[PDB]
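One chain comes next, on its own, written as structure tokens: the form deposited in one PDB entry.
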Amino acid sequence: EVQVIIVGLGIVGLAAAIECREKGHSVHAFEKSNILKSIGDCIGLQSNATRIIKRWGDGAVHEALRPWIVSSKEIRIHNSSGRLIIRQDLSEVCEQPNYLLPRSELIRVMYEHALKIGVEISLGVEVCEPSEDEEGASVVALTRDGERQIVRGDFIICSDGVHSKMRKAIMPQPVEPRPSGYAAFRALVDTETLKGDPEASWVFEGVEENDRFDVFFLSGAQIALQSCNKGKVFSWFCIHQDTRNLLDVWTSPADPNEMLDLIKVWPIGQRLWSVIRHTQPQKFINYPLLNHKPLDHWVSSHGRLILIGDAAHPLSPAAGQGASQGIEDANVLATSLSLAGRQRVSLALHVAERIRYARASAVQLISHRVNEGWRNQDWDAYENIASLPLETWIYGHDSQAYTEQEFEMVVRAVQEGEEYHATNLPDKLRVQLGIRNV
């Protein structure tokens, strides 16, 4: 069988480990940090990701995620007066299960399942210096004491995220992401104090039957507020202007009073603050929003290393499709591997790339267009960021069925040196954004 080395066990790394293991390959994954640690807030997983997860363990992971199934029927969008300006229907977006849950709860479920099916995992191991010949690939596993050990396999999956040193070490970016001037406050609300605060009691209305999903458009502030799992968890997100050179990390605490000043001058500010103020000061995150440009390649020159997830195509955590596209990366890669075999590993990596590239790039450039904008307080139907790009061509898409159907055509385009034109995204969208094939 094929020996797979996975660097980075975030969401995408864990999914690739499970997807490769379930499709019959040997998997050794490395992670430098304690990942069973409660950090960050909520991740959303849309239908194109949950139909992939549905296959894991013949439904077992889906069943473990069942309390996190989204029950919202609409997105209720308001102006700064509190007036409901738009409802966005979710009956088709949620025809199939969507998930919304803390990142730490999703990491734990995926991680427990990866061990159970025999993924080999090494925590507390920083991986560096990839190398590849035409018969295999290798990485150097570092321990904190200075020790170096060569680890060998058939190819390397770099899922080490937005700060991929794997990417730096191989196919680095010419210039840094440039700061957009916007950042994102985001956090889990503390529920044990949210309860018993009577001025906040209003947020519990109906959350047992329909998870809250409210959005607020203010001047220089886009705010969302969400419940999941029958009101056991509340999260919130506020996009706002910021010129400071922040670090795009997930541990730098920020001053809650900045958020209070943003909203208190508006008639809706008091209601919203009665919830937001129950955030643990340790958990208040101000996360800069950078625009990353698509890479020229995800696969290295010798075909035995591939960047996936945030290493490949970092999206705004306000995309809605960030983790979902990464889970799609994993399934397509593992499906390509099984159709190719151990004698055609480099073929499999090049196929997965042609299948994923234009789609992932379209989500990248769309979700930034919808995030980018200079709207004033009359916010209209299609609209400057409302989370309305729930397109069926995104959430209704079955990436594994597409890979099985297209695999021989892509292989033909690889081997004959021609361009593959994926149809897993609208044709017009490619030309409108200027997507150039890999």
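Residue numbers count along the first chain shown, from 1. Throughout, rigid core stands for the largest set of C-alpha atoms superposing within 1.5 Å between the two forms. Compared with the form deposited in another entry:
- Once the two forms are fitted on their rigid core, between the two forms the CA displacement reaches 2 Å or more only for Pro174 among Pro281, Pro198, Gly118, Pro174.
- A movement of the C-alpha atom of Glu372 reaching 2 angstroms or beyond is seen between the two forms when the two forms are aligned on their rigid core.
- Superposition of the core reveals a Cα shift of 2 Å or more for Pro389 between the two forms.
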Given for the second form:
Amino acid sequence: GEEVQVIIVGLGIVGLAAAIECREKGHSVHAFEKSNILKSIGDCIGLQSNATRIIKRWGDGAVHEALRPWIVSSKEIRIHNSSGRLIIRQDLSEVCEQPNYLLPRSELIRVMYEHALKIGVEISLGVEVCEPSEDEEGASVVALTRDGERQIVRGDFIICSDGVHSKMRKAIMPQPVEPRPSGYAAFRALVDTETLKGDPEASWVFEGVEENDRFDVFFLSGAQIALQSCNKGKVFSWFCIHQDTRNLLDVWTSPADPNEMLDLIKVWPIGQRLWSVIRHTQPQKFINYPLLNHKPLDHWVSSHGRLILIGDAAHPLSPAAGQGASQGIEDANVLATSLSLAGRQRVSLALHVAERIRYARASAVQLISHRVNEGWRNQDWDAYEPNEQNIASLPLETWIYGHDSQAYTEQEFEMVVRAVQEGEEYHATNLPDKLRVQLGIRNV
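Return one more block: the form deposited in another entry, after the form deposited in one PDB entry shown previously.
Left out here are the partners and the other molecules; the chain alone remains.
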């Protein structure tokens, strides 16, 4: 008569999604997080329809109602050259037939955090989780507080949602593999809306944004730039993918030099117009984030089946991919659904089933994303004009964004159980079959 006791390590987007999914499906959750996750840091996150389909179920629609102001209203991507001439309008009608969100990461965290608290997730901030262990009966972690005190916490299993720099990862893969730099990085930030509104030279950027979010892309030699708005022009954000061979750390806090962006764009005709908006970025908010290529891990689940890596701890993707957060939300949904179908007496089975459902699909998205990091889509802009050939297509793939991970898990659960228990390979159909072999994905 006792609920499953889930421990969650890390309350980024994925840990919060896992906490909500598990709690809404009738499991007890104690989540731990080392930092004040409500602090304003980073820029905007996109959530595609594969993630919003999951979010819509939470609280009988309550979270979707809270996120309604952030539904993407762009009907097209406007693709421009280095003169700012519009070359192509790329239709988003299919991509946006179901909701997508774009919003500051800090606002998404706030909404999810408040819902988690409302539904009875137990949350402990200021806790660095250390030293996971497990056996056939249970798992435990050490909760280290800032006073140096150590508290043992026991549960049925541990969700390791501790991000790209996961220290839990070594409990599954003890040998760490460094990612390869792509040679590219992304300048990116939110624009200060207040100083933006006060600048007559930037007023053009507000045109139409109350009815359709801005989604402008500009291709210049050495730059892929996007300007976006969300929530009827309350928020503007931008990024610029550019060549960079410096030894940049993949964190969201390091100082970056705005004049590097100005130098890159000012030499092209459209540069001054782009800078009229971009210059309103606050100086300590200018981030230059390296686009690193991480290889799929061999597997995500520990030897006794009571620890699982999800989110960026398992499959980090660069922010240029568009599917990073959404794939992590799929992890949370598949894991919670698998746990609910397996039950408390079959925890290792639940985690291994979730891994077999998720691994190939997540790895395909990860491996494809290495292409946008390496600039495969760029051409010589002295000769070519940009068009749909140059837009990375992960956000446009129906096999990704149209997928219902919960329905797939319910329909396939017993077949995956059979594969796990008979020691056979499970061939998931939640990615195109030609993609496995083409990308070299090896099933777990």
